[PDB]
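Chemist: Next come the chains, spelled out residue by residue.
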Amino acid sequence: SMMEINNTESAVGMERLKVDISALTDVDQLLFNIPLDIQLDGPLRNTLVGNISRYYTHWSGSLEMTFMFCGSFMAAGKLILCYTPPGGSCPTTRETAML
Amino acid sequence: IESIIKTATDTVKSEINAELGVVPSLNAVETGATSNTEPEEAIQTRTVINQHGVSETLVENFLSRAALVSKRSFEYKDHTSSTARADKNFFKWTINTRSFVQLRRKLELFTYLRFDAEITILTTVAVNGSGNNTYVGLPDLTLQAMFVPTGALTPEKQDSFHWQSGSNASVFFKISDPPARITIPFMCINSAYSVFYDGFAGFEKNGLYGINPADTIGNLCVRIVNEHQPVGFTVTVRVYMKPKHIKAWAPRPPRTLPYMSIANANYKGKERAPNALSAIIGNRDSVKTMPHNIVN
Amino acid sequence: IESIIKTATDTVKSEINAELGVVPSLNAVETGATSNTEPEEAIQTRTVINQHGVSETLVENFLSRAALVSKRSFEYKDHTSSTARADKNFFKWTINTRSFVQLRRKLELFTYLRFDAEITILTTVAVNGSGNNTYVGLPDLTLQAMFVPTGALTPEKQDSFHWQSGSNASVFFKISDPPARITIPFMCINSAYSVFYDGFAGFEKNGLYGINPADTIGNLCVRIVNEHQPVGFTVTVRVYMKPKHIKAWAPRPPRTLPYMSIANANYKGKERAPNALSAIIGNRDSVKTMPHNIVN
Amino acid sequence: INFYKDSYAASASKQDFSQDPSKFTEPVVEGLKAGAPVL
Amino acid sequence: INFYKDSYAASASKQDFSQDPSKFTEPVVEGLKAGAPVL
Amino acid sequence: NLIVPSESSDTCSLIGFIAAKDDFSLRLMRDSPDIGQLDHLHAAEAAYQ
Amino acid sequence: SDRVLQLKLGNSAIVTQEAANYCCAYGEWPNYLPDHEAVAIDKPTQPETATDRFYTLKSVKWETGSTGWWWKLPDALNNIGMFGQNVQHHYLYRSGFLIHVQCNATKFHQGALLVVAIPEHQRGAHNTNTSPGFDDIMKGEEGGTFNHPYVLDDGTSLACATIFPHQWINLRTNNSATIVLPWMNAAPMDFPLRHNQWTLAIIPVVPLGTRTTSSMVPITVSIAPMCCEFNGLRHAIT
Amino acid sequence: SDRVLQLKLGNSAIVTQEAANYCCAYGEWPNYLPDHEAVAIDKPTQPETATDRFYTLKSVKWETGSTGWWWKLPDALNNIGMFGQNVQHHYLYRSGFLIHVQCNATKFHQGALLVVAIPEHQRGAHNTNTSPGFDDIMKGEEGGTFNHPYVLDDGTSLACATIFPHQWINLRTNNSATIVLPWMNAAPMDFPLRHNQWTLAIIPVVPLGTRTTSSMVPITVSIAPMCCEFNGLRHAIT
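If you read the protein sequences in the order shown, they are chains A, B, C, D, E, F, G and H. Letter by letter, the first sequence follows residues 1 to 99 in this note's numbering. Letter by letter, the second sequence follows residues 1 to 296 in this note's numbering. Letter by letter, the third sequence follows residues 1 to 296 in this note's numbering. Letter by letter, the fourth sequence follows residues 1 to 39 in this note's numbering. Letter by letter, the fifth sequence follows residues 1 to 39 in this note's numbering. Letter by letter, the sixth sequence follows residues 1 to 49 in this note's numbering. Letter by letter, the seventh sequence follows residues 1 to 238 in this note's numbering. Letter by letter, the eighth sequence follows residues 1 to 238 in this note's numbering.
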């Protein structure tokens, strides 16, 4: 089910369900990040997994995040998506997140 | 494929993959299918024998919990001067599962439900305030709960002859006894209750939208059998329902905005996020902001 | 070596020993092993068939005894003018086994424990003093005890809608009934509770030392279902816990100095021996003084 | 323990471990082979 | 007497008479023979 | 980088989805914090009339 | 026979000619986490000789008024060599230990040290209700000293500390102690930076004494992680 | 079929939908050092997933006047993650590589990059008799740029650079190149801080060109060490 990654002010309704990406003039730039907790309020809360899991207290197992690109056919690009196991701060640079 | 699942699936160890023409991490959301990418194909895994059980998420266990469905307080006293709208030592309740939001939301996670309903009735009593300014004690009253099918004749007064219950099922219980309990069978005229009904239950155009009376379990008429005492009391009756022998069909998106009425799915939302009409999830500063970032 | 032991070991008769190179009475404490000297090798013994059972020292029997873990007294009355900190006809308790020292010390004899917890709730009531100067009687109130997992939403008032308990386990019981009883399973996210935890349960440096919330059983919210009477009462609820199906690991030195807090193992000791910081055992005049010498 | 004469009076039935998640996760006429491109 | 459906509801289990005190009394790699010098 | 021609839109959207795998499991059911009420819903009283 | 011993792990070796057997905690030996107890599904890294080797800590001086010393594991090793690097680069850690304590003196010296490995040594504070802070517990390589060894700094008794895996260094008898510790935890793996499975304590029950010419008498600790494995690779925390 | 490819090593994965096969240098695949070729006798450490994984370097900007870029291995990775830590803590190193170069554009863009792995790319200096210095050769992660790509900065020819293992990124055809490099050295192992076995060179033979709206066109390099092993453990140099 759809994640509400764009859970920010100035994003109203359906706009909160998509993330806008534009051309950049600097390399290795961060686009967005997603917090972890399927318990607290966040982009994962109002999903099937999140809604059902919040009826329970303990959880285990692997998750999957699937991203669909909705640009034009002529649009091209490469992204890198990173999961960082806990312990430190959320990475802010590609060279750290790619580890 | 249909199969018996008792524990979470195991993990198999995996090696390096450099195969041309094989891209398990790529998917096509447009088809409507959920991604079939496995952890073994995304990363190098080890072998894990998973013994975690899945029994607590069974639909039966998920729904077969006694939840409060009705709570009615009324005065047990001499009602000669009581107004017309007051409950004069008895009350009637059209049974519904939409008045208390926890059970309602859990049930509305599904489109169709078939179950029997275990009903538990718990009674409490208190000495009335604003009447006598003293406490004397609590009586061990006898109450009668009669099941009257939807639309049928209901008693009009505490000593009405309708309470003779020649055919209606009636249960007599004391306050000092453990809470009364009876099982009502799955009584729908259809093979399953319609949790949501996109239609009108009348052949004319003035019928109620979204309300199918075939899904209304019935009517509960509760009276105090004892005649009134010289002093007044407040009696509170709570009715709890537990589904059992449950079959469920077509799961649905969970309710997000607060409920407004028991008669419809009307929505307004909270004033601001979370659970607002324009914002369900609480806001963060930006898509690059980590709300609970660990900083050492 | 692992073996089944049901009785204390027997004694075999022994003879005079004058063997060169054999010194069973000598040992080497430095290796960390306990001396293996047997009575047969130290003195001349007879044959004794020992029938003394060892069942009462089984860990299960040692720990599976109902011990008081919580005791809360609160006023059952109209709390319109009650202060914020007062328990207004209900209370909440974060479950812990560290408030009463007998069970706490017994549990702390071990490093790791795995058990289910039988919980027994006993309620008593008294007519309030400093209110009315009279006795009228004791009501047979109905109470509700709801299990709320650690950190989850707890009711804010006696008539809060959170008491509807759509999914939380709730038990309703009367004062006149025998004490309520329910079994809570071993619910730790690990394979065993950590009786002692040498670490911090947070990813930052401000977390609580020695407190692992994974070992907190949960929250008990107890309310009086009945609305308040015109007079006030004092209601006392006692919660007793009995471990069962117990497995124990790594026994530890027993606590000697008196406990100071439920949140840590801080110590001060008594003013003087016994159980003082500088002297655990009570003093005698000298190492040559026999305290209870028999003199005839 | 069920001495009642009506079967619907019985206790809850918590022994149905059968699942078929594919009716919600993969409701497509053509099954998707793992690794191969979907389209 | 246990008519509950969950096994953890059962009464206490006081029938495990197995012991291994050597894991605390003799946790040494080389066993100590009786009578002979330890060192 | 995101590289598009002149006639294509210069901003493109991603939609993110999350799901659990078949190694996922849950324990210790509790009342969901996602729903609640501070008063009776509309027409709930009418059930008693 | 039982007095001489050589321990060889990785590129490191230790020889003692005055040992007194050696202790395997609870009769157990360290091992890798089996598949039927594993939880984390990512393939772990097992550096073997790079991390399973003896690291020698800074020696401490045995004085007349010494109360005792303690080191918490894996905290004491978390910034040392490849073990420290793997700890810093991974979320999850698992290993046992091989501890070798060394203290030699002359035949005219006397003294007895209890060398005990305490699992989950949750320390308490003295004469206050405030729990010990982060800096009180996490001393790293340097370790700490016992405030009240008589009560093991936790309200218990030193006299009953022999219930834990332990040896003695009695100067007239032996000059070293050796303890093998398996993985000891409620969970199969743990975050090494916030939880300490073991605490090595060296307590001078019988104080050092002699009438010969005084010399510095150090106590040296060498710890070798065993069957190390790490999970959840990411950037270094440090 | 031959245009889509997924590479999975350790905890890292890369997917490309516009590949053109991939090149195995000299028809060889990386492998650990066998006993019949080994020289160092100490037991090596083989971190596996901790070091055999994709590390992504900083992207470079493909401009009209770009002459080309180069990175020297293992120098470019010597300070990155667990591979860098193992390199710093060990005297001897051995591994192969898996190189994935990424560059996408639109169907209105044109351009051709030669992506070539040069063994022992001994660089020369221009118009001087002085040999190149240490700082000229060892650029680390950032790499360098070709002064005279026409002669490969060594007096040879770019035209004959196809004798080395190589691919092309032709923007109308493909958006990525993949090269698998085995261990390539006269010795079974080497000191990673003073000798570079391979040099990855990306040279724009056909310059980037289009008449559509201009956008930044980066080139990104991801390198995964393969079959890593290290010998001669000691303190870190760094």
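I should point out that these hints are in silico values taken from the structure, not numbers from a laboratory. Fair warning: there could be bad hints in the mix.
So the derived list for chain B, only partly shown, Cβ under 10 angstroms to chain H, looks like this [claimed, not checked]:
no.	residue
1	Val12
2	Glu15
3	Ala18
4	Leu20
5	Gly21
6	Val22
7	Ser25
8	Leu26
9	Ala28
10	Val29
11	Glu41
12	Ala42
13	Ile43
14	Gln44
Just so it is clear, CB atoms sit at the ideal spot from N, CA and C, and this is done for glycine as well.
Chemist: Work down the list of hints and note, for each, if the structure agrees.
Modeler: Right, here's what the structure says about each hint:
{"no.": "1", "hint": "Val12", "verdict": "14 angstroms, violated"}
{"no.": "2", "hint": "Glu15", "verdict": "9 angstroms, holds"}
{"no.": "3", "hint": "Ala18", "verdict": "5 angstroms, holds"}
{"no.": "4", "hint": "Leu20", "verdict": "5 angstroms, holds"}
{"no.": "5", "hint": "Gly21", "verdict": "4 angstroms, holds"}
{"no.": "6", "hint": "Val22", "verdict": "6 angstroms, holds"}
{"no.": "7", "hint": "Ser25", "verdict": "5 angstroms, holds"}
{"no.": "8", "hint": "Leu26", "verdict": "6 angstroms, holds"}
{"no.": "9", "hint": "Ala28", "verdict": "12 angstroms, violated"}
{"no.": "10", "hint": "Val29", "verdict": "15 angstroms, violated"}
{"no.": "11", "hint": "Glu41", "verdict": "7 angstroms, holds"}
{"no.": "12", "hint": "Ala42", "verdict": "6 angstroms, holds"}
{"no.": "13", "hint": "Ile43", "verdict": "5 angstroms, holds"}
{"no.": "14", "hint": "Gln44", "verdict": "5 angstroms, holds"}
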